[PDB]
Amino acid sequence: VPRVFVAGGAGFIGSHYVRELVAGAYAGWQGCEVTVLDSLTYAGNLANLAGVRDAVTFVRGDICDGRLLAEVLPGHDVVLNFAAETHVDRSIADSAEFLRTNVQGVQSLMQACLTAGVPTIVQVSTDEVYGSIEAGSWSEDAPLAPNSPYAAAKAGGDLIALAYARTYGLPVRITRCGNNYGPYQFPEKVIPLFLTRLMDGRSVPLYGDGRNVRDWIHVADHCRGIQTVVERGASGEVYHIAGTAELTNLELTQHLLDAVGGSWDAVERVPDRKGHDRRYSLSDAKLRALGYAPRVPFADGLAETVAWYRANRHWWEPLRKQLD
């Protein structure tokens, strides 16, 4: 049976990928052996994997730890890197750890994959590496122009992975996607922040003029796109996975308030968040040609996410208290 190595698999998107793979949602990949490597930062959460606890081998570790990777990687058919620092606001406060994990950690992992001979490697990345597009969508040929330290670090990781592909023939593919939402997302991100604060009768933030535009995709659709790349993608190539809803932050705010029954009286207007980041939008014609298609309409996925947080306070309440 195929043996899959998932770095960052105790976080939001990584744990979803693991739970889907272990549940048999990807036809063919049944009863796979699965190894999760995760350093369990503030964002790592083992409860995300509790339902597959006895199906997965968990190794606590840092993707920068080349010695540990050398022991653990060999024998795995597939490496997927979900390990990253991912909160833009944190990258604004101090970017040092973003460069360490999202650039140096990528080099460390790619070098360890080269030496261990892993045949399929997927580096998971973000549409924010491209910077703002006022009309239309970026294809995979688009120039990098990140605005935030988080996005510049993701971009730096992508560039070194592709240099390894071009220099050493490393069989790595890159995926890029817009903003994810869904169950088990750490409640510092905008959608779970809103839901959890509103369910507690507390305030929620609206940053700036609200006119920034983002693409929103349910985590299950992102992971299906990733699995498509695993099965049908080519070494050294980038693959976009595009949203199913494009929204200004004002529109997003209204949708979230409606979905939970909140009031605009709960919305704290907060000043500028720093950047040149008006609109991000990808074209995924390239991957849809390989057979990927999103299935989750935004309104249905949002409703399921609201119901999930409403029903799983025991999962998010300790996290809300830790954020304060």
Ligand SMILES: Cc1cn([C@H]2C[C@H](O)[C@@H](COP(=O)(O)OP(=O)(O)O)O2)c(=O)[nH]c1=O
Given for the second form:
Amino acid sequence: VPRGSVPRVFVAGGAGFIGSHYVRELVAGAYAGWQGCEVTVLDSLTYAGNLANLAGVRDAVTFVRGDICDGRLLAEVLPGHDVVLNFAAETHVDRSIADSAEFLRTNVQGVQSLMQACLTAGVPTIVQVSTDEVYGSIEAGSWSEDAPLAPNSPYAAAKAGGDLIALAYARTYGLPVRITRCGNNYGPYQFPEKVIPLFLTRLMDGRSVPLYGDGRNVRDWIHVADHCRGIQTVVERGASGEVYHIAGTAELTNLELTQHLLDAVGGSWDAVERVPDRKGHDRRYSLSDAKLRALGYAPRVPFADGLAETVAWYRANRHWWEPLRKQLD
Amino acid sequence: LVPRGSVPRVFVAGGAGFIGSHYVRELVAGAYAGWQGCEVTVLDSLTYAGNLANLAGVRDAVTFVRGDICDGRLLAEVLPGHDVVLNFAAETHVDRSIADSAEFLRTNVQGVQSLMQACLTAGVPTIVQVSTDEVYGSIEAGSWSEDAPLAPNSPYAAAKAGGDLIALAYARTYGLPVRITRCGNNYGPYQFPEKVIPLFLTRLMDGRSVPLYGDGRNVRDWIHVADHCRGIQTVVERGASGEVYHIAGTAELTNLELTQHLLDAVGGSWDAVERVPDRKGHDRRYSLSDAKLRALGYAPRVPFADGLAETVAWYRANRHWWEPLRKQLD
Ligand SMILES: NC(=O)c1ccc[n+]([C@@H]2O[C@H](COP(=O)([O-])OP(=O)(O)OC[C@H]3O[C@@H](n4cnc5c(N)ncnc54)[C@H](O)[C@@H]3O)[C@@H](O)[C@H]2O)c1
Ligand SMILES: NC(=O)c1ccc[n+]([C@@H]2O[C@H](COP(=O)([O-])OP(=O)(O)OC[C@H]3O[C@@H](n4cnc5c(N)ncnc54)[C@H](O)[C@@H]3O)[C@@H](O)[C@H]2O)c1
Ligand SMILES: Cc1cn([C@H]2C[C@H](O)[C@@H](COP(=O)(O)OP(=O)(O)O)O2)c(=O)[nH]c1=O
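Please move on to the form solved in complex with the ligand, as the form deposited without the ligand is already shown.
Everything in the complex follows now, all chains and molecules, and the chain you saw is the first one.
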């Protein structure tokens, strides 16, 4: 029998940044009505996967080192889980510009593999976690869930293809999959290739920070804990075949973000280097999340508070990030 | 076009299939003015749907390579020197995608990434990704322009849309000179007889039943393969990098109307039409507007009644080609 008297939750990509946050919160009892959960984490431990992100919750977590593209493995491990969440993906735009083959393999073929295995296993609730970048760029105003897909980068096009095959399963078979799309996340345990942890860890070592292009690109920032609470709202109250935005609550140019980061670590603008722009760089992302707010989601982490906590986290976790910075350097 | 060599050199992935082989046969025959004496490379993995018989008449003008568009190493050695790359390679049967879509995502998405990346490194100046009206979903009234949102419903359509999206991301990120075409249902000689028109023709010619699914009120816009290929060639000659181009169908028919036309065209009876329950992944209506490409000079030449009659005559005269295919399908 593959299920007992507590909920059983399957988290693909659960050794990464957002997925491990979701697992740690679920196990800690942060989501009401999900107490004493059994959690299965499936993660292939790419450069971004890190078992240190789960080291405190191994009594509740069954870890499976494997790939979402492995359909035989999924058929063996999925049965008995009440919820499947897919955080597994290649997620760095600059890596996708250098080589996108693994982005299409994991972010599209892997979604087909997981959705098909969920269909056969009868998993009753499935969440495909996705991104605002599938919409391209928006100069003014915000995207609602009806906005057309127009991805510009290979990462965003791969995420969009994954959403499209998941939605095709919902529409063709009645697969009970829901899509979430969110702004840029930040918080503890983010791999330090993304702009906030890269800038923080470099400033903490007295190194320079590389500001792409003219610095006027706009991102809408959300703390990972609010992203995961939005995802849990979708788990508990969303409907099959629907997309749900989870919006940021700090819309900043990269110049403004840089000012906030420098202020939070006592840094100086003399550390900021202008560097050539990213190819095809998206100018601006903005989401409206009225749809999910109507189901009771509300962010709890103001950017000033979340950034202060995140600076404190990186300041205290050199043991975790120094080996990652060393390799990337 | 300024060919790199003395004659143009055209690379056709999926050129042993239905539409791709028609394109090759027309190009070799000189049907496209300005493209005579071309050297043609056909790359095709010969799935259940590939057929070297489709290229029998152009054997001595075509270099055939049995290979997969996902084979980036092969593409890196075969692509250099080609002026144009056209990608007809795909899994294309909706009902097959309902049974198992894994190969649809592999060929129709990963295979497009593979081909675009190899084209980037090889410096190919003109690339055409052949795609489908099904990426837009269903439309109750009117026709889709090229700015219509992608909203595919079936696994086949979602896979084709995923391929278009990564192709367009290469156009936007690198300036890759790729163009996308989208078209409704094709028919004509050498179509594999799993598709509705050759399925009906070959079954009726053997005195067997033909299946009509559901209420039969699904609507499709039909185009003869030769007009589709001339639209594709218009995109080759007049299109622009990063742009989508529709090629419309000039016979809009319910499946009830299509069934009547097919029965009439072969002399069959409604007694042969087996009514069967609806199936899962077929949209209510597709319709494209092709004003954009018509402004670049495209115009269809085959009216449906004449093209259907030609196609019936072709299947009657080419049992040697389709009988093994029908036998295997059962
Ligand atoms: N980080 C953001 O700002 C952001 C914003 C919106 C959406 N998202 C989405 O949220 C998801 C998680 O993002 P993240 O920042 O935590 O990513 P991450 O890069 O920190 O971690 C990715 C995880 O996926 C694992 N993985 C990769 N490929 C796999 C495969 N084929 N099989 C199994 N595991 C695999 C990796 O080992 C790793 O643990 C992703 O789908 C991403 O697209 C992220
Ligand atoms: N048939 C239609 O009605 C129609 C309408 C609009 C668009 N299209 C598109 O036009 C293209 C051609 O369609 P068709 O009707 O000729 O398809 P088809 O089924 O007749 O032939 C597909 C060809 O692709 C080959 N192939 C498949 N996967 C391959 C791979 N990974 N590598 C190399 N070769 C591979 C097959 O061997 C075969 O020869 C496809 O992209 C299809 O999506 C078709
Ligand atoms: C990693 C990085 C990003 N950026 C910019 C690019 C984006 O506008 C923003 C966030 O980039 P990133 O963290 O890569 O996320 P995403 O591409 O998902 O938005 O910061 C830099 O200026 N420098 C850097 O070193």
